[PDB]
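A single chain comes next, written as structure tokens; it is the form deposited in one PDB entry.
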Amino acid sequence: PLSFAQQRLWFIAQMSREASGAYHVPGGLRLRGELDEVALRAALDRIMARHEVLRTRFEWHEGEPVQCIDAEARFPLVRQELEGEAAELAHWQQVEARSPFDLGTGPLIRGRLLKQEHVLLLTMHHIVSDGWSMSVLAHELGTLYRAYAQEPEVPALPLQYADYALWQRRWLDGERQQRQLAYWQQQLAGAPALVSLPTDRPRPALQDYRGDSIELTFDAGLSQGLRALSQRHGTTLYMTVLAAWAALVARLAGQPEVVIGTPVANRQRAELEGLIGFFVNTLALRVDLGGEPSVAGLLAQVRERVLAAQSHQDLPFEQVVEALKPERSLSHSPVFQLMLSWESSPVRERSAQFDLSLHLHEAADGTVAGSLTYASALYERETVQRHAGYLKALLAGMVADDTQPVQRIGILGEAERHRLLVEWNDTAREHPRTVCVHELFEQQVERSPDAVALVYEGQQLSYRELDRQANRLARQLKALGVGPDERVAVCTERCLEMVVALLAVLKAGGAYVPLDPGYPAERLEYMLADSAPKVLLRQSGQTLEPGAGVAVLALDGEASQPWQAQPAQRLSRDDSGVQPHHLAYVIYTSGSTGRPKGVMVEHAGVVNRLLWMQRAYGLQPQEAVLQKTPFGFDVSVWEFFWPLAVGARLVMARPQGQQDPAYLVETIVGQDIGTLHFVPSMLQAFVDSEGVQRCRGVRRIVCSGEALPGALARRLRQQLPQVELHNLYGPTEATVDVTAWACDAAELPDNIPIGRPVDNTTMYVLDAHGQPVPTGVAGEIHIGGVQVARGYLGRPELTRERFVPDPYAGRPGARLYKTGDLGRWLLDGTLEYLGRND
């Protein structure tokens, strides 16, 4: 656990170390033949004196750096002889390119050799070489050894690198540099500053240069098909791969435009092709994927922008970045974060200057091979391998049909597709298919009839007492026409009679409609008329009048005494006639602006939601739950019926009690509350409230409704180290909650996942065309399974738009709910909430 200054200074110190080796040009060469250590010195010294760059040093001389060219050129070759094989070669080769040079005075190109089988290692500094110059140096060394092996004084160089540098000084000052600057500032203006590729970990504040790589090859079949495809469109094999990778990245990142950089040799004139020195320049290629282009159309755009880029390749890329004046970040590279390098007809790269670096070359077999180098801090290895699979899949689709929309080509492999759709939705759990919500309570009454069921301000009802009260009212409801799918509105503040009413409606075979008296009269009257209930159960004191032939029964007070004359025996299953597919409640949701919609929720889904909750958290009969949520919110559904189904007691909070910080803590302590709910905003008030640390008896805090910030979860641990924090997600249209995540990791992330689907529930992250997206890609959350509600009461058109057929359940008639929520799968099979679709 380092401090902030130490962690910063560590990343600052280790950034320089890994980047210190990134300014070298290594190269290996195995020498087979006769042991000819005599014919090697003249071939190495002649090549040194041939290129005045290799024997050039640099000094300070009053304000600016200057070049100090020397006369004689001697080669600094260290000699050894190793016993161990693989482990020894990798160690000597690593420190060969890792041991720094002396740019001040001394050599800048080293060498090591050891043994009729030798190994000539060569390493140059980037200020006097590059990738092209390394192969030219080995090209020259092979000829000079051959001329020695047959024959002294071994074609002369046509131009000096200082002549190139002197020409560049005038060109940078000329008006051709100003035109090339004007084009690049035009081409890259307003381009996206940072690619939003899905990362397995959040981006570090300081760019971590730790890298790794994977190997990828295109077989001869795909390689030939890409050659033929590119021939049809007048593009090179590089333009085709560039077009594919950009389309893939734009699709994965959810961005319309993608900027990909490419190292260019920058030896335009045929005069500098044999020269050694720093010549590479970088070009930033802005590829647009908007408008759903076709494979042919995208290839035409890339072909034009690559040709336009290669015409303006003299301008140094540093002057492009300086002109664009971007918000330079310490966390990512400027202008682009992805590089594609292409070699034509080395050690494993562990340094990552960019997020992804795709290196590809054309092999001898006609196949295309290379590597994909990734930043270890951002991506796991399996993510990068899936990324490489997408590219190969996208390339194959471009060959199979170059007229289709490029952004709709299938890229998912069958393994990942089956994992997303099936494996991560393996939630089937057998439950009694004929049990209704109230029957869960009735089964518990028989097990513990004298146990405490309800507590409200010094009043108590046992399980038997509560069941008999509900039976009496349920028989009165039956006498007023309450039955399957019929609604019973309930208007009351919290009290014992609130739970009597809810249980009585379910026992009578109907569905309850909660009417919170705190809402405006106009709102209550709309819901009362929209639901068209048979009966209105009303607390004494409430003045809500339905008219319209609706029967009004008093819920408490002297006016409720008549239905106490009803027998307290239970109604038979044939008397109420209710079944799990019948409605249990209609709870109105606002959604946005306009009239609220009544969500019709059936018994079977509620039973499944309650049975899962007990399996996951194991509420015991001696525990207490706090009823603090307004009963017009469906979170109250499990507050009511979870403890009553398992034997625990439900403590009804004082009306508007959760808004008093003193009352909440005092009630938690005074009543031994073990489980309660918070929306994240009110959990913040709880952890900031006086005396929250007194609540060490709390067992479970369930959080839902809003995004749960990781900092709040971590803050709750410091205040109540014993409490289990659980993040639950779900809309009303899918029965309260459909995913859950326990916040029990030793280190909690800033984005707390919403978790994994609950029992008999499926989750899908789909694109605009209803197709599953790769792991980590954002898409719209769709919910399947038994908890999907029946629909919106009296809104068949809206029901049809949001409750769509389920093509993935493998059973006819199944339906999905389109949530309007954005989410993504994490690589560990957990879901992450990202926001609203609009």
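Residues that one form lacks are left out of the comparison. Positions refer to the first chain, counted from 1. In this text, the rigid core denotes the largest set of C-alpha atoms whose superposition between the two forms falls within 1.5 Å. Compared with the form deposited in another entry:
- The comparison between the two forms, aligned on the rigid core, picks out a single residue among 658, 636, 281, 760 whose CA moves by 2 Å or more, and that residue is 658.
- Segments displaced between the two forms are 325-327, 657-661 (runs of at least 3 consecutive residues, each Cα moved 2 Å or more after rigid core superposition).
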The other form holds:
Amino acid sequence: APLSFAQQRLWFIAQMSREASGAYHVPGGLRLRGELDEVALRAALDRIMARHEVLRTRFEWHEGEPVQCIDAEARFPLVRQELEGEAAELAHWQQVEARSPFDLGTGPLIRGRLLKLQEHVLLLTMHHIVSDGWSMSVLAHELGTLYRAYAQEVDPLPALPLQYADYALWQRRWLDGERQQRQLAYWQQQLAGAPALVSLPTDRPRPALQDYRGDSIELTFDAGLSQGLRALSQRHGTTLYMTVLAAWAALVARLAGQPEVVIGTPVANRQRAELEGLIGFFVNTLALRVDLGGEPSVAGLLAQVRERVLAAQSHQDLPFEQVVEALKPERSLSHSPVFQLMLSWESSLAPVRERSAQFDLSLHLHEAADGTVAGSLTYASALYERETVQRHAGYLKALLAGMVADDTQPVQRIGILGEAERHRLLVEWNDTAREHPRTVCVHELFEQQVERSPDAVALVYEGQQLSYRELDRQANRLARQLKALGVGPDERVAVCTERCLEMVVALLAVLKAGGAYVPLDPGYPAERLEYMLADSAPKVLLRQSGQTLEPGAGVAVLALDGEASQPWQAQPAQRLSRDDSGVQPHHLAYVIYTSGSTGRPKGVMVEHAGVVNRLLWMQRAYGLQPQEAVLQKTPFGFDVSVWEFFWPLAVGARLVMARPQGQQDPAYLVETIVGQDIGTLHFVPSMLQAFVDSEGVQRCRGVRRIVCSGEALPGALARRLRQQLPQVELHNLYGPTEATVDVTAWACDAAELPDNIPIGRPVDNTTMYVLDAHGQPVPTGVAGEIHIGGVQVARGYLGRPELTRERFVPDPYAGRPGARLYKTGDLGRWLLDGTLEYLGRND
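So that was the form deposited in one PDB entry. Now I'd like the form deposited in another entry, please.
Keep in mind that what follows is only the chain, not its partners or any molecules around it.
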């Protein structure tokens, strides 16, 4: 049972308060090994309390603003504990200790949980309004020294030079001065026009409200990589933090497809030596804008990062909140402002696993004792899966290694893919090899079905019917007349007719005569039909009676129906032998013209073998049975009609030829579906929308399969079809004409359909590749240009050899000499489940 919209948002609002309870505290712990001497702790504990004025400072409202109340020096509030277990005891105790809220009014802001587990567990906690990250590190310096003094006080040994109230009084004057304005002018200039949101590929769409659920992984740079990065940093004058910042910004810009990347970094902001050792809120955030346009080298990028990091650390006094309200006074609610990725360098007991994510990714790294670099990468679980973050950390380590190998190469072309993912992308997700007969042509699939069911119904048109044997005999007669007119292998036969029984007779007869058919839709303007008729240079024009299209140019014209078609009824109805025609699977099956994009239409030459594979895959995936009917509704100038014609005829089903221009009657489609028991039909998504919006669509409960292709299928439309026809199996198919109708398919059978309906997995004997501008495979989730391989790649464009070599390129992956890929010009990406997602056009 789903929650309402008001209930769903109110839940996320209530959990932001739970996120605030844990993220506004500074937890920590220390393992104590030594003689049981509590007699020295309380003396050492209260000594650090009274030493720093912030440890006992209270806050409250007075005269419309929060006031600072310096309190009389008090004692430490420690709770006695006696541990009872191990795993569940320590993990839960240490968790609720950090999540236990304080009170800014009364009650102290330093909290401690001590326990005897000889050996004691000393948990400490401070509030962020009186401390930060460093403030606990100096809390460990004093606590360790004061216990030593109380074992062998505070201020007399080494007094503190200042207290936080003096820093706040100084900041109040600095914020009003002209140095604040100039630092505000630099940050307004540095981050002007910066990308508001990084487009890192996410495994799930970004929620409307930011989800603070977080998880983390562990990553380390081994002794070799940490050593090489130190030498690389020495050679370019950068520190080890700047070298990692350059690599991470280089990785993110490559993964997100953006030129610039903004990465945040927390700084202590204790620039003045007086503030060192003091306890309080000093940490500030700097937004680092790294540009990567122009394809810089490793040295050029490190020099850019060297300039921007130094300039950022010189203007680190301005609060980051004032940077936002100046640049972005109008911000979003689904992501953090200015930046969404943070890199913290923690150069130096241990804390627990970070389960909160204030940003998309937060990379924490530190320099270990053995010279190695270790840390964690915390990610928002609502955006990324764990395996995606692990591959992300692998890319960074791979990119850092390449920078050490050569600091002069282009940084954005360094290989980052691991061998496991590369093999999965290229081979494992393309394991579509299926054993189909590579010796059969398209018309022979029909002829084999004629022998199995000669008296079964094959064609239906406005009451007229043709059985499999009757259709085959009619096609054989016309095929012999075509053979007498020079039709043979690779020769074209133009066909100009409206939908009728004779349309299918013509197509089968051309294929039987060994030629390739060229569909000429009479609805197109005469100028277009005359160009395609001249460009294809056919041997014969099969013309329906009433059509006035005249080719000239020595082209033979045969009447397809009417009284003028009677002469070729005298031909014998027997089948032409395999040698009488001479056609083979590598010969052309049809030439279908696409309008290109802007200009003259181009004839796509498609061979028999690819069409047979496309048809044989469709039956294996969907199992069309002889008793079913398919509706021939798509104009035969579109290659969708190819499987509408030849899929049912190859398996024993019947094909219902829709009325010409019949859908002009708004009720014709529904009445024909019900009246003819239509089980399978095709829609382009724009036409499917009109179908689910049409009157009486719910009467079509007998429909079995709806194939969608040609456009992007919106998930809302797919979900609308379920509500109207709960029984129909919806399938999303993708593929251009140059790859034989379709090459990927995705069943819309999931219990919950996404808004972006995937185009799916490659079909039988077909391969798919997502490549960058240099023909290299991109990481999972990264957008790139779709390339198609396998048997369904067309021969090329009829009469345009230069465009053919431009879009039909050698296949370097198939391991087969002579194989070719088709560059689609479409943008796509792999999902982590091995399915493809259409994203749009490359241009």
